[PDB]
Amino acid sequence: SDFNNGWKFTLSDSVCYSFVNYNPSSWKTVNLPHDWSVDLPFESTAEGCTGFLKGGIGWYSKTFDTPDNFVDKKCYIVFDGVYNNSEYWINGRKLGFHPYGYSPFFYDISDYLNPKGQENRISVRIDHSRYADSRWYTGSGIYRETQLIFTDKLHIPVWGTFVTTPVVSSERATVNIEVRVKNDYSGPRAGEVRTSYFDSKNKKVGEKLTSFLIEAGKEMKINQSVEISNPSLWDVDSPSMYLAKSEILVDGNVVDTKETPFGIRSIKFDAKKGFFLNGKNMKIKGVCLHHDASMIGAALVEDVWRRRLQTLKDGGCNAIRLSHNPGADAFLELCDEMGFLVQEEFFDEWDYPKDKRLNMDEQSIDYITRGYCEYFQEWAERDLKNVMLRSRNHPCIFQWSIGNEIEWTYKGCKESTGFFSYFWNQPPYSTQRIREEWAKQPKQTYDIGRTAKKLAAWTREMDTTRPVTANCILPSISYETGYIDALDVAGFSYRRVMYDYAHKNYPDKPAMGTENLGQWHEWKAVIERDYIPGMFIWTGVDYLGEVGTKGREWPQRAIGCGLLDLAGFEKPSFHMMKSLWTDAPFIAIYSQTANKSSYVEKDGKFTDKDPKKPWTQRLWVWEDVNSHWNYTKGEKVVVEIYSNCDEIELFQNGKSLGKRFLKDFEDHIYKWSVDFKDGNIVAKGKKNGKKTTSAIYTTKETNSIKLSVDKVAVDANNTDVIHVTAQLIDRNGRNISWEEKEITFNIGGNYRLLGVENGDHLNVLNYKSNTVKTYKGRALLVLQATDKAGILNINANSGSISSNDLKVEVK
């Protein structure tokens, strides 16, 4: 835990940094996890696919003494992730090179260590000079937590257990564990593996003891099976966790221990009926999450994600797709605790590169976009298996995904359909015709089907208890290459129109939405079909990058497709999804000028403005709708409600505007023509009896800054964070969202600025400033505690505008 503290770092290269006699004292001290690229300003001379932030070549360093009892023992240094092309040294000796940015790995450093009490030094060189080597923002550095593990020479390896539960019922659960035991002694050894099982409230619920005899140098696999009675099942509403404590015994003495958290749960994908979790037919209400926040970047700070996931959770989301790479262990541990089903991805591309600046097949070749494709042939198996070795015990995981939108990169695929000679239509070619066009294409060095088979084979060597999936952008062809035949569940990417086609032509293959637009028409298609068990919205939260393209130039730093923004504040699209996914009565009120709106009332009924852009084809980014009620007097306005209520009556200033029914609105958006005047809009709604009310009030000028805080007390553990929300209010404390202000925060006491954020995807801002422009009347400040305990006094200004005062105790 504390091994992650007190590292050194410099953004500069020199060969002599690896030598035994080099001292890095004049480098900057840092705590891991660290992403250096968010200490650099957004530069216009950088690339937009990686969010206009540079990389470069940075080094790390870490000093640690050999323990006073390092005799007949092993020492392993474990990294969860380093982005990327990293080289490792210890005490002047080269440990290795690790190309991929997202796989975990480790090094046996036991023989390299200096005698008891003396100083060892580790060095890491990180080459992110290819700073456009991704379609999204990556970060740069040791961006996830590390471990230094000391064990006995008779020990369980790192990731040395695998807990499975093949039979799960409410009376009993069969809980198996495989324990690997490595004998690094010079001669044979005898012992016992004792695995004890502990429930949520620390009561012992099972034990198994098995003898063994392992020869010198070798590894042995010990299978054990127990029966847990009346188990607490892991579910998204009730995420119960057990603890498996495996102990190596010589005589009756504990030589080594590993603790494996696990959860008891059955999962099943039926092709006719949908998906089943503990025998409940539930829809998957998923969202795609990139690994970056905004101000912290790729750095895995658990409290920053906890808040983001808590907001997604309360919006009715029960699943997360880690797009498009392996996630952090700390993030998986969070999904276990909070209750999310997790699809873990391995790769974004296989044998051939995607275009980093554009998308699809790569067009140009230059240095800064050279990605993992250089290493895939030699490294894919190691990376895939390490990911699975690290993550296969987490109960949250329920799908291994081998690829995202891979069809673009192999010649013949797109042209074997009839589309490109596709979003809203089915292939013009028949099943046999597509198959026949595929025979006629020129043979390349690599085949999508053959590589799909190898990856799926490797995946199943490590785990058969979870389905192999993939995100297929062209199902039609992938149904006939052997790519889909490799998978247990075929994920579709933006192919709602292909749901009936899968069910018509390939009915025994479970199929699902794995990347989808955040709209009702996508969800409509899922709930109308029992055989389509859910969808994953692109995206759950806004992410840096995928900009610098035609209509998304500097200074835009994110697309803005996310349900949440770069802060984690709720957007209109989040509320629309909340209305589709939650059960409690819900009403969110928005509006635009009748001119700026997408909708038109002609003779009562509402329709879409452009018939060539109807509600059935709405894409990723939601319209910039207003939540305020501060228009200019008399302006013609279109009010729109997102809601699960069957009846809503609307009231302007107390005068009724009339009841409207959800049955009428084909696009699932309530709509009212209104003539503006000051006062208030109030919506009252009923859902199968149960009532609810919401309202938007006209305000006066900006009078004050309202500061909210999420926690009024945290620990002095160098990791806990404070989230300070700033909001503009009028004289009577009504919230302002129609004018912006440059706000300056002031903080007394010992703290670390993580940064400031407003959630504007269209503009850049300095994260490490104490000043930030508000967006729709609000901003966010993120602080992190440090070593020092004390009190924090937080206030803010905008020149003449003042704020309430907040106090937070750091215990």
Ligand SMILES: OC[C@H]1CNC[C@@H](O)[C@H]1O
The other form holds:
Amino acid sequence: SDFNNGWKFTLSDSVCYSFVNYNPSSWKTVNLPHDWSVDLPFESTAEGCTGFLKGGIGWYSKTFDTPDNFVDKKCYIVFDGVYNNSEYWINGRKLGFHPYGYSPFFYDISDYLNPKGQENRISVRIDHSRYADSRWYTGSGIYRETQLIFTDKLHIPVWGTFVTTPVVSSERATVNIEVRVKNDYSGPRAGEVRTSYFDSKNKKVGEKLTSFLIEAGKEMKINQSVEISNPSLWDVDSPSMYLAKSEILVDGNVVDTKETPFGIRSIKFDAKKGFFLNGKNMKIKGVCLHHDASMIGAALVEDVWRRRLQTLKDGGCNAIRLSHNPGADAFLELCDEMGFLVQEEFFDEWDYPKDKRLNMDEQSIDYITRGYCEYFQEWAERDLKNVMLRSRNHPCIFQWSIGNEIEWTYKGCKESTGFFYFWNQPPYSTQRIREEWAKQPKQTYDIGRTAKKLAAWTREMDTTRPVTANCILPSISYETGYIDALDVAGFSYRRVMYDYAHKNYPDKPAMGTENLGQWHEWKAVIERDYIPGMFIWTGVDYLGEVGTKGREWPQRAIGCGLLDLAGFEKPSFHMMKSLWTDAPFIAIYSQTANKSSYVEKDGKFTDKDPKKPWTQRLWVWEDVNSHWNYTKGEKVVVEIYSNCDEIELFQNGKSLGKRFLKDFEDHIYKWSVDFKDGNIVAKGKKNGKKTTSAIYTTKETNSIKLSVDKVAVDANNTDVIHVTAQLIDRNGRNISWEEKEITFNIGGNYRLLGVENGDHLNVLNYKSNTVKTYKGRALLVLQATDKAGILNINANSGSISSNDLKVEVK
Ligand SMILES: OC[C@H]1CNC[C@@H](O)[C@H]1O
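So the form solved without this ligand is up there; where is the form solved in complex with this ligand?
Shown next: the complete complex, the earlier chain at its head.
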């Protein structure tokens, strides 16, 4: 009996759909979360900024009976995210409107419920007709989970606790909680708040009892403090979680309860020395993530994200930037449990709109790009705070970011620099910048004033995490009062400004908040103790931000991600793994000496194009080869991404010679090689400890190798199976040099989530059991249902057959 199951949905729109007497039984049944945009095909006539998928106007409905014991109680319906411009009705009557696609909210439906036993009905209209109102793919509908909460009239409201730990040592932590208590009875009520604390193994480690008297219709804040001895500290390598169980008592009887998971950890940003987690000075190995996972779209399916994060974590990542909007509660829960530090961003724009198709300031105006900027003046406060009410207990969250690249949207910011920029500092001095800024004409809104209001609102809700922002032009935001509102200046693609921040504003902590997946970005981080990390754009590829010149149909994604749309490890991931992890590691790629970005003359490698050198490489990694399957005798440049200080390369057993990481300024081991069928083997050492990796020439495609991440799942409507298809030759050696059209067949009760191959440059039907491979591989994503049973999975490509998999559903 989960409230998220058995919803009705339709991609239509009629005025009668909310009426007391309208029956939606003819509508399709769905389980939340749901994103309808991915059930529509990739169209050439949709907008590339939102991933070539239309929105439209859609509706949901949900019936539920009033409990037999709904007397002296309240009812709250809670949404964690609905995209967007959504309207809410219960039993014929309007509850309200909610513009923003990413903030959570709730309605008090207590007085609307029909008497004990009888049926109630919620209706949601979603207006995603403005299907280009975003620079990236959004999806459509109730894409995060919902809740139906019943409480006593004396109760902790929704999100009614805030747990903090202002003193943290290894002997003890001071753990404070604020329990709000609302009395919705018509007379005064006396009681007690009992809050019990519990560890990893459910042993009670603390307790506090406080008395209260609260007047009719008033809300009271009860603060309680305890000392937790020898705490298990939450860390990225040891994410231990505690539980606060706060109970409201009348007489001696529990009348309401809230459970507040939390962690005990200290965080500190030091402007001279860097970032400190529980007293360990560590670098932030961050990645940026949008909210979609391809076949599922915006629908928050946890197992799908678990796999992607596990991969990211195996690559060394310890932090996540939620670009450029509030994340899902369930995603933050995943981060608490798995161990990532999380920057949650409130907005992508404030007073003035960005161009949705092109980046930066809005140049054109049309109906379908009309976004949240229309509601920002009235809604920014309610939204920012609700996000924080919802999010603030999660130990993962270590930064609140009030805005991304805002400077583009205000007349005078870019002008007041000297630039009109990636690779230079500004030609104007700090005073000259300030003088230019004073010379610009007054707009209706100011970047500084709005920064202050947002920073101030933020601090009313939480002072235990720093305020930051991703500043694209720090030089001017240092002078407008914007950076002055922040505790941590975040720099979008400004490694060339780290020395400038230290020199000119040393007492303000600074950091990479958006960066390129390249060694030259990380070199700049580890050479500076005052720059504690970076956040790569992006950790995993995402739908949208295409359709521009150079990236026309049928391209869906940019390909800037470390992981592709299937969550498979790309070349850029293995470079970062070679920089972010310590256990010895070698990845072997190559290109034709023609296609390679490097060239050997006199036994020494340099960049081909000196106007495109290694220090200026941008978002998308070159299309390099993992195979060893060229034509005989062709000249090849083997490029290796490794943490080994010495590697020796063998071609069929003949030693090509040892090389040293010290000799390669761009952190890439290189060899010139004359291709002949066989194998390449790299043997390397990282301070004495050895490791070996190799690639093999294969014969033509023989079989389909199928792997499964789990051989058993539960019949809970939510567990995911990820099936990986990989082409192999007669001897089982992996193919990546030719593609095949693979048809999966599955027996037993399952729900298809879909198929992906990781090709950013080409569309495909998500809902087909057939998928073309990319780099010899593909992914099929299935989901458990109500029905237990066995699933028999196999595949073919005409002649080409496969091994057979069996997965139980318990
Ligand atoms: O792909 C380029 C990126 C630049 N910085 C902001 C991101 O949202 C994105 O537009």
